[PDB]
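Asker: Listed below are the residues making up each chain.
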Amino acid sequence: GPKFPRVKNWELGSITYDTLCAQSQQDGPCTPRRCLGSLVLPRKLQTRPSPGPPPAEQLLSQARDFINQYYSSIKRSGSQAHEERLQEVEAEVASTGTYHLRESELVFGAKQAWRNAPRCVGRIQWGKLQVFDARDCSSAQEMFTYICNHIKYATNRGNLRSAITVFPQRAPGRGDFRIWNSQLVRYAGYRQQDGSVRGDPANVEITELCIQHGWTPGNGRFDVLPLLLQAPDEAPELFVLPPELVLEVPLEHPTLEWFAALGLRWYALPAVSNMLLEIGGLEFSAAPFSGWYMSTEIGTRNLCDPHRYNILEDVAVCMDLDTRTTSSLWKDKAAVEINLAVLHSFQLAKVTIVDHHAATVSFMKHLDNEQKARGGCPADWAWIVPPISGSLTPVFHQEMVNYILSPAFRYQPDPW
Amino acid sequence: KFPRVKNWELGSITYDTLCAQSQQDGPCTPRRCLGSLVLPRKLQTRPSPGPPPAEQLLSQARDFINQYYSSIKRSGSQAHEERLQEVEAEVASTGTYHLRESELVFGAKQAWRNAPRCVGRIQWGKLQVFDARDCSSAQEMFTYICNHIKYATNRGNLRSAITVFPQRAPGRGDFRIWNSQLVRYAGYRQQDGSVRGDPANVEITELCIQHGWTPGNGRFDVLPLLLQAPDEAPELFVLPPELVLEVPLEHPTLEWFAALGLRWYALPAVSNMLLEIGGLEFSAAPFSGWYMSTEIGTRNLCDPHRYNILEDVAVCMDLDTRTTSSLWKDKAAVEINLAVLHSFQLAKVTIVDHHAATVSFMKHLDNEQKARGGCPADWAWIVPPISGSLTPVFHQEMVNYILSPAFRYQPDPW
Ligand code: HEM
Ligand code: HEM
Ligand SMILES: [Zn+2]
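Residue numbers (full-length UniProt numbering), protein chains in the order written: chain D, 67 to 482; chain W, 69 to 482.
Keep in mind that the hints were calculated from the coordinates and are not lab data.
Careful, some of the hints might be misleading.
[Claimed, not checked] Calculated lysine to any residue pairs in the SDA-like style (CA-CA distance at most 20 Å, straight line):
hint, chain 1, residue 1, chain 2, residue 2
1, D, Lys74, W, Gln112
2, W, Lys74, D, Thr392
3, W, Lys110, W, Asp199
4, D, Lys74, W, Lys416
5, D, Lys110, W, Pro98
6, W, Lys194, W, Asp480
7, W, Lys74, D, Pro95
8, W, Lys416, D, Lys110
9, D, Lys74, W, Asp480
10, D, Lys74, W, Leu111
11, W, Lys74, D, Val106
12, D, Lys218, D, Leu313
13, D, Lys74, W, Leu105
When you get a sec, could you build the whole thing from the sequences and use the hints?
Answerer: Below you can see the structure in the form of structure tokens.
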């Protein structure tokens, strides 16, 4: 049949062929000999800091592909404007070694990067992204201003709006604009004398970096961390987010009245700030983006991972479950109630959130839309299927093809 | 060259060097990963009307023989040398060769050990191997199969086993078991497309009927076996009821669960896969172990295209099925899995929960890292269908590749 990957949905028995993968221009980590699809950070995309200017011949090809993508999106491929733009880009790279995007090209590129993200289950929303152009930013202080405005706009008192703020692109010999923190909102992780951790263990390194840079630490379990912002060729500067700007939700349970006594909580805005946005070969090292949470991220991963808050046993004990044996399914029961508490609480506080059932059903719609629009959709099964009740959702039974398309969001090395 | 493998829960790292011994290609390429696909597009097992290239077969045979003698610490011995000559001599003159029982036993265990989708491999060394290569008819296949079932069931104290029927031969038809498993519940299509029983077994149910079976009309009617000897139409055999151990499902605290009339068989025995050892192919080699509770409680009973009982259980529990956010599906699923564990435990039938199973698999990974420098594993199949990240394997990166001896899918015989 068709010389493309055949994809089956085992629930419905339907079949599709992915032809979009034919457009991938960047190799992944797999080979016919072995599959490395489960690796979180395979040395592939990894945007290792490439100081010296990038080969003009390579950048040019990437730039042309992106410009072609842009003109195709507005249905003017081959037009005079299309060829003239191509000429402009080639001329700008010729005399300067790099080039710059027009406003509309950046908006298109940022949305495409999200659309192309294989690990994102919320892509049905890809067309609705507020793109803040901060390419005029010239200092760490100004970065903070842009970031605070982003947070205010995106949070919108609980009715969250997806958004991305784009700071100046990378340039040869010159330092990068960087946000040291992995997310705009992170809870401190304080190493204890006995080796344990109070707070979020995932943030021990950034917490210590903040202290090394003048931050006076607290001693709580949910202390919001300050931001370490870095402008070109300068040491990072510390900035404390005004409390009124960081919306949080105290967690309570719909029927278990004691759950609220646990003093648990989480912040409303998920905003990734350490990834690199790549568009037409241009690299935006500082381009924080945010959406809204799927409840399992908080209730299952953040609160129950053994290496995170690890609250499973505490909650199970409160529920008076038999934690001495696996067959009682105490972990399963506790996790369900914790996830329900997250949903209930966000709903009570009128803060946007989506449960894993609703999110996956919407992602299935997205796959259908994309099959028609582009002939496929790059998707990472291991990241799309939720961390709890996997097979109870539709995506579990849907085979997926994973590949890299650009524009794209990529991991990049830590600045320190 | 060698992939770095990290466990995100513990921060530990290892390097898989075993993957270098892989000689068979998977479906992935640097351009795109097809790791989530269930069946191969090409990695199938094409017909065998003609003898496989002597050179290819010979290289596979030698490699296997080398594996075998290394396992008994007699590599380079006189026995090793002479065995290689025997294989060389038989292939050169006949285009094929035959395994010794001791080698078949080693090969079967290795095939299990190499299965990337199996989370129960810590048990790989404990496998009862029944040599059924002296079988010449469907009737004899039935006798062997019944004996396999009796031994494996063991009154509830399940024991892993495999029965190996005659290997495939050039230009001759294969010995085959048409059913995907030795124990399967019928799936009867009714008036308006709906299905009574197991929807996964509609096609096989109809085949049985077409071949003379008198169909029942229940939700859990055990199907008869369609056994096929070379180039003969399949023959129908009804398994003696006393040989098929079943477990009535009830819940530890929910009195009404038993009223649902749910049940499941004790013995999971895959019968439609091919066992490949040293280039030889065994088209009929049913193998069995014991169930992990999620297979029954989550997939078999809750999959939308299976018994799909989630909503019935939810209503009996008086849950709010009005919206997804009440997590009624999650609550119902947990209780259903608890009922499975409780019931099997009560009936004294071997079963393992997903937490205990994954912990043992993590031990297996460590054991294999020391013994062979790695372990092929398919993440999507190792991580349980419920409570994925609540188990250790979720946080463990895995490398998937094909090693031989191996169990592989093959075309349906009809
Ligand atoms: C509208 C709400 C959104 C929802 C519910 C959603 C949900 C998710 C989830 C559940 C993950 C996996 C998280 C993990 O397991 O670590 C994810 C990953 C991702 N999402 Fe979305 N997303 C949304 C918005 C966005 C936006 C606005 C962007 C970018 C413009 C985006 C870009 C990505 C990327 C690049 C990843 C992978 C990051 C990584 O590899 O760590 N998402 N998303
Ligand atoms: C002793 C207890 C055992 C347990 C608890 C166990 C558990 C499992 C589970 C949970 C699966 C995935 C099932 C699915 O999702 O469809 C599986 C697959 C598999 N197991 Fe094991 N296993 C055991 C014994 C065996 C034995 C005895 C063999 C072979 C001699 C074996 C060979 C395999 C193979 C080849 C697969 C993949 C089958 C397929 O592709 O559909 N397992 N096992
Ligand atoms: Zn792969």
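Asker: Does D:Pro95 lie within 20 Å of W:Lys74 when you go C-alpha to C-alpha?
Answerer: Roughly 15 Å separates the two Cα atoms, so the pair holds.
Asker: Decide if the proposed pair is consistent with the structure: W:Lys416 and D:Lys110, CA atoms, cutoff 20 Å inclusive.
Answerer: Distance ~50 Å between W:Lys416 and D:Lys110 Cα, so the pair is violated.
Asker: Given the proposed pairing of D:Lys218 with D:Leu313, does the C-alpha separation stay at or below 20 Å?
Answerer: holds (10 Å)
Asker: Check the hint pairing D:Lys74 with W:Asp480 against an upper bound of 20 Å on the C-alpha distance.
Answerer: Measuring from Cα to Cα gives roughly 18 Å; hence the hint holds.
Asker: Please work out if W:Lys74 and D:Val106 have their alpha carbons no farther apart than 20 Å.
Answerer: Holds. W:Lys74 to D:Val106 sits at ~9 Å (cutoff 20 Å).
Asker: Under the criterion that the straight-line Cα-Cα distance not exceed 20 Å, is the pair W:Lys194, W:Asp480 satisfied?
Answerer: Answer violated: W:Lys194 to W:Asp480 is near 30 Å, above 20 Å.
Asker: Can the restraint linking W:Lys74 and D:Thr392 be considered satisfied, given a maximum Cα separation of 20 Å?
Answerer: It is violated: about 25 Å lies between the C-alpha atoms, which goes past 20 Å.
Asker: Quickly compare the C-alpha distance for D:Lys74 and W:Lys416 to 20 Å and report which way the hint goes.
Answerer: violated (39 Å)
Asker: For D:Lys74 and W:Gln112, compute the direct alpha-carbon distance and say whether it is at most 20 Å.
Answerer: holds (17 Å)
Asker: Does the alpha-carbon distance linking W:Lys110 and W:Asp199 stay inside the 20 Å limit?
Answerer: Roughly 30 Å between the alpha carbons, so the hint for W:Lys110 and W:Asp199 is violated.
Asker: Assess, step by step, whether the Cα of D:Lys110 is no farther than 20 Å from the Cα of W:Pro98, and give holds or violated.
Answerer: Between D:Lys110 and W:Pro98 the Cα gap is close to 10 Å, so the pair holds against 20 Å.
Asker: For the pair supplied as a hint, D:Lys74 and W:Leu105, confirm whether the alpha-carbon distance does not exceed 20 Å.
Answerer: holds (8 Å)
In this structure, the hints that do not hold are numbers 2, 3, 4, 6 and 8, in rising order.
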